[PDB]
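Enquirer: Listed here are the chains, written in short residue letters.
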Amino acid sequence: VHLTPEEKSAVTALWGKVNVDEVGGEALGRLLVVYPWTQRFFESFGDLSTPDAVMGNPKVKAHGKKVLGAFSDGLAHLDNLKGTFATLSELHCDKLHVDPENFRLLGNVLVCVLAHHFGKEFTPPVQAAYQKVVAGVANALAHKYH
Amino acid sequence: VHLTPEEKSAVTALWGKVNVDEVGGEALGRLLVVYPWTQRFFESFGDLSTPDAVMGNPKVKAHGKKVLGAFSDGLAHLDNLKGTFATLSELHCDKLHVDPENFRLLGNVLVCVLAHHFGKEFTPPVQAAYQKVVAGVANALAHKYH
Amino acid sequence: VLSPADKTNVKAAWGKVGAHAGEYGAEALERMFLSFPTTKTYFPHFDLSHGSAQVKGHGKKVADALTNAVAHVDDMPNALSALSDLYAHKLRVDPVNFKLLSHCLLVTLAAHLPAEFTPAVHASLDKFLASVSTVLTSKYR
Amino acid sequence: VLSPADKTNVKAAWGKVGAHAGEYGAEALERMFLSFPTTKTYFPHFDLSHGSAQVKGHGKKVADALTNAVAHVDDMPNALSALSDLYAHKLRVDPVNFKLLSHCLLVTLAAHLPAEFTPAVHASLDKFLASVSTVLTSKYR
Ligand code: HEM
Ligand code: HEM
Ligand code: HEM
Ligand code: HEM
Numbered sequence: 001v002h003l004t005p006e007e008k009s010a011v012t013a014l015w016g017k018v019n020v021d022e023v024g025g026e027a028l029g030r031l032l033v034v035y036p037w038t039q040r041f042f043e044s045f046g047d048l049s050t051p052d053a054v055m056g057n058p059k060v061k062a063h064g065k066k067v068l069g070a071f072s073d074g075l076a077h078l079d080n081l082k083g084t085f086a087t088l089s090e091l092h093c094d095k096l097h098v099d100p101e102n103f104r105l106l107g108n109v110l111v112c113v114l115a116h117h118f119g120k121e122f123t124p125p126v127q128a129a130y131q132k133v134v135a136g137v138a139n140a141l142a143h144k145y146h
Numbered sequence: 001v002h003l004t005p006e007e008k009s010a011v012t013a014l015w016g017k018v019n020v021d022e023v024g025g026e027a028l029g030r031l032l033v034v035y036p037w038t039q040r041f042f043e044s045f046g047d048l049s050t051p052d053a054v055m056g057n058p059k060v061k062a063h064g065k066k067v068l069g070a071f072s073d074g075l076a077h078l079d080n081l082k083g084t085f086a087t088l089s090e091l092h093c094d095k096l097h098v099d100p101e102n103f104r105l106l107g108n109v110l111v112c113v114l115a116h117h118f119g120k121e122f123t124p125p126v127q128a129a130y131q132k133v134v135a136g137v138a139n140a141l142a143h144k145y146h
Numbered sequence: 001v002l003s004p005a006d007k008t009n010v011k012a013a014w015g016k017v018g019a020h021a022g023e024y025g026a027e028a029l030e031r032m033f034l035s036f037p038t039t040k041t042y043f044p045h046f047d048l049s050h051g052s053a054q055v056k057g058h059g060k061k062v063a064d065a066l067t068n069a070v071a072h073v074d075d076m077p078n079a080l081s082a083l084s085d086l087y088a089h090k091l092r093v094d095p096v097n098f099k100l101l102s103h104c105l106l107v108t109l110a111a112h113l114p115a116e117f118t119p120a121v122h123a124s125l126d127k128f129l130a131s132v133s134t135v136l137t138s139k140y141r
Numbered sequence: 001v002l003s004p005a006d007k008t009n010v011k012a013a014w015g016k017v018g019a020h021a022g023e024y025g026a027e028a029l030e031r032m033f034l035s036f037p038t039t040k041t042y043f044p045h046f047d048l049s050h051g052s053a054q055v056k057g058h059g060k061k062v063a064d065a066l067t068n069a070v071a072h073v074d075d076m077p078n079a080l081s082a083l084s085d086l087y088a089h090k091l092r093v094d095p096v097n098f099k100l101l102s103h104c105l106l107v108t109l110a111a112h113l114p115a116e117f118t119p120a121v122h123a124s125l126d127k128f129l130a131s132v133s134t135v136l137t138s139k140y141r
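Protein chains in written order, with the entry's author numbering: chain D, 1 to 146; chain B, 1 to 146; chain C, 1 to 141; chain A, 1 to 141.
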């Protein structure tokens, strides 16, 4: 996936403003609320029984932070997403057995969370750039499946 | 996408026994029958109102020859599908206004037609190779959209 | 199916959209054309530039149909019956595209109505938009 | 919706499958695992090698559910209700995968029943398999 130089600058600038303590947990939590069958992968995380329980679950927040950190790693290596995510791709396939369609769902949930957090500033051109990013991350995470 | 050398050999061997003219008309006709909303692009072809009308339509058959001839030409460049199909991609976007999802539908209809024609010879591994081919062609034809 | 809570959530969120519905529909279309350029293949006769009068007019058509669907949430197949006829016989938009606009409508609502866009309401809105999309393509074959 | 002709076509084609239903279910699964390797993520507890007993047994279960749906083509939601409950609460397969298996079932039928797999029957079988898939995912949220 190819971001223009203007798109790269816009994605980098917005990402610097992200609340790294909250955005990842909000994306993971919304995935588990909006697509509740995805809770299958997180049975060990405890109480996922209501939207409030999901979003306030400390394990959802903590894991979401790790997910966000991996997204940050991708944003720092936009010309090599496949190499950035190869180890996590093997992990999600061989160890965790996660259908990569879920990476698409999570990417679009993250876009919704960015729109929620940034309001007006999440303009249609900024969204289009982030759609390229989340698709590229999903493709890279799916790449080592076999 | 990329095929193993064994997959390339299997693709080329089967394709040498394809009547490209006949299979193209059959695949295009089946696209219009199975997914009849795709008829929107072909009003000038006339009567498409029943399966027999579609499958016997001489314009469907004549166009299918051209479609599958271009597909056949692409099989000569399995390592460069995006380059080979760039002009046709620009045409389908800029002049014909064809949603590239249609290329994915036609690719899987083609797979069904190959299975129908060849029977047991269209083994699960041969299908897997052709799935990589049709996905690569669809992706190549979608690549110059903007 | 839409639960009683889903219907309550959708009516509240879309009620708050209110008179902004057409403007938000136009923004959702613009987001979709920029993010998912293949969707532009359905509008070769449109000026798709930012602030386009044609995009604004289409946004109003989309939004007003959604307002009608919300007002008839208990029986959307009947309320949308003429629209689904027109889709199956003429418009014939591939089903994949409705998911793209639905996502862009969620983004638009999240960016505009942060107090409304809770996780539960997000879930209900996504179900609602998928149900509308299902009705729109229900007569395709 | 399945038309009268769709029901006739599905019953005729599946009737010709006859005693081979379980074998064709296993072949369709094998085709899907080879062509679409992401589908294997739902089977970490299976030997997925060619001819494995687990794939054979699962193919029989898939085929039996399809045979039952054919026998209940007038009311598939009711006939598939228990299976749809199990999908929503336990199996939880993403909807995209049903399209992959459905395609592989069409390929399998085409490769075994050339006289039966006419364009009209192909169209009806695709509608039928999509309708079954919709029921199976209908209670997910
Ligand atoms: C698409 C972007 C995603 C990224 C960047 C990502 C990243 C990560 C990372 C960094 C870890 C921790 C790895 C470790 O500590 O060794 C992880 C674990 C995990 N991921 Fe993902 N992930 C993504 C999507 C998903 C999705 C969509 C699902 C399921 C629906 C999922 C399921 C899991 C599970 C179950 C674990 C292990 C959690 C545990 O029990 O500790 N991942 N992921
Ligand atoms: C393997 C995929 C495809 C290939 C290789 C292909 C190739 C071609 C070629 C070679 C032409 C003739 C161009 C010319 O003579 O200048 C053409 C025309 C056209 N294609 Fe495609 N095509 C594909 C898929 C599709 C699909 C799936 C659709 C729509 C459902 C479509 C819609 C059209 C239309 C409307 C025309 C113009 C027909 C006319 O002259 O009336 N194409 N295509
Ligand atoms: C929430 C989803 C949608 C709703 C409620 C909706 C609603 C409508 C309505 C009310 C019309 C006018 C129909 C009439 O003439 O009576 C229309 C037309 C149309 N829509 Fe949809 N729409 C939706 C999504 C989409 C999407 C995703 C696409 C394409 C990517 C699309 C493409 C079109 C086109 C091309 C027309 C004809 C426009 C023209 O030529 O002026 N719509 N839609
Ligand atoms: C025509 C579509 C399908 C039908 C009719 C079907 C039918 C069935 C049936 C009857 C069962 C047994 C349920 C029970 O224990 O009572 C089952 C189980 C299962 N299915 Fe589906 N299935 C279909 C597609 C799929 C797809 C596409 C996938 C994943 C890619 C899938 C994954 C599974 C799994 C993982 C199980 C549990 C197997 C086990 O643990 O032994 N199925 N299916």
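Derived from the structure by calculation, the hints contain no laboratory data. A couple of the hints might just be wrong.
What the hints assert, rightly or not - Distance condition first, Cα-Cα at most 20 angstroms in a straight line; then the derived DMTMM-like pairs of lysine to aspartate or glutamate: (1) 99/A - 101/D; (2) 59/D - 21/D; (3) 95/D - 74/A; (4) 127/C - 90/D; (5) 139/C - 74/A; (6) 120/D - 74/C; (7) 40/A - 94/D; (8) 139/A - 116/C; (9) 40/A - 52/D; (10) 90/A - 90/D; (11) 127/C - 74/A; (12) 99/A - 101/B; (13) 139/A - 101/D; (14) 90/C - 101/B; (15) 127/A - 79/B; (16) 144/B - 7/D.
Enquirer: Compare the structure with each hint and give your call.
Expert: Going down the list of hints, with the structure as the test:
1. Distance hint between residue 99/A and residue 101/D is fulfilled; the C-alpha atoms sit about 13 angstroms from each other, no more than 20 angstroms.
2. Restraint check for residue 59/D and residue 21/D: the C-alpha separation of about 13 angstroms stays at or below 20 angstroms, so the hint holds.
3. Our distance criterion of 20 angstroms between C-alpha atoms is broken by residue 95/D and residue 74/A, whose separation comes to about 43 angstroms.
4. A hinted pair counts as satisfied when its Cα atoms are at most 20 angstroms apart, and residue 127/C with residue 90/D does not qualify at roughly 32 angstroms.
5. With a C-alpha separation of about 18 angstroms, the suggested pairing of residue 139/C with residue 74/A holds against the 20 angstroms cut-off.
6. Distance restraint check for residue 120/D and residue 74/C: the Cα-Cα separation of roughly 33 angstroms exceeds the 20 angstroms cut-off, and the hinted pair is therefore not satisfied.
7. The hinted pair formed by residue 40/A and residue 94/D meets the criterion: a straight-line CA distance of about 10 angstroms does not exceed 20 angstroms.
8. For the hint linking residue 139/A to residue 116/C, the alpha-carbon distance of about 25 angstroms lies beyond 20 angstroms, and the restraint is violated.
9. At roughly 33 angstroms between alpha-carbon atoms, residue 40/A and residue 52/D are farther apart than 20 angstroms, so this suggested pair is violated.
10. Of the pairs offered as hints, the one joining residue 90/A and residue 90/D is violated, with about 25 angstroms between alpha carbons and a cut-off of 20 angstroms exceeded.
11. Straight-line distance between C-alpha atoms of residue 127/C and residue 74/A comes to about 26 angstroms, which puts the hinted pair past the 20 angstroms bound.
12. Restraint check for residue 99/A and residue 101/B: satisfied, since their Cα atoms lie roughly 14 angstroms apart, inside the 20 angstroms limit.
13. Only pairs whose Cα atoms come within 20 angstroms are accepted, and residue 139/A paired with residue 101/D is accepted, the gap being roughly 19 angstroms.
14. Distance hint between residue 90/C and residue 101/B is fulfilled; the C-alpha atoms sit about 18 angstroms from each other, no more than 20 angstroms.
15. Distance restraint check for residue 127/A and residue 79/B: the Cα-Cα separation of roughly 35 angstroms exceeds the 20 angstroms cut-off, and the hinted pair is therefore not satisfied.
16. At roughly 19 angstroms between alpha-carbon atoms, residue 144/B and residue 7/D fall within 20 angstroms of each other, so this suggested pair holds.
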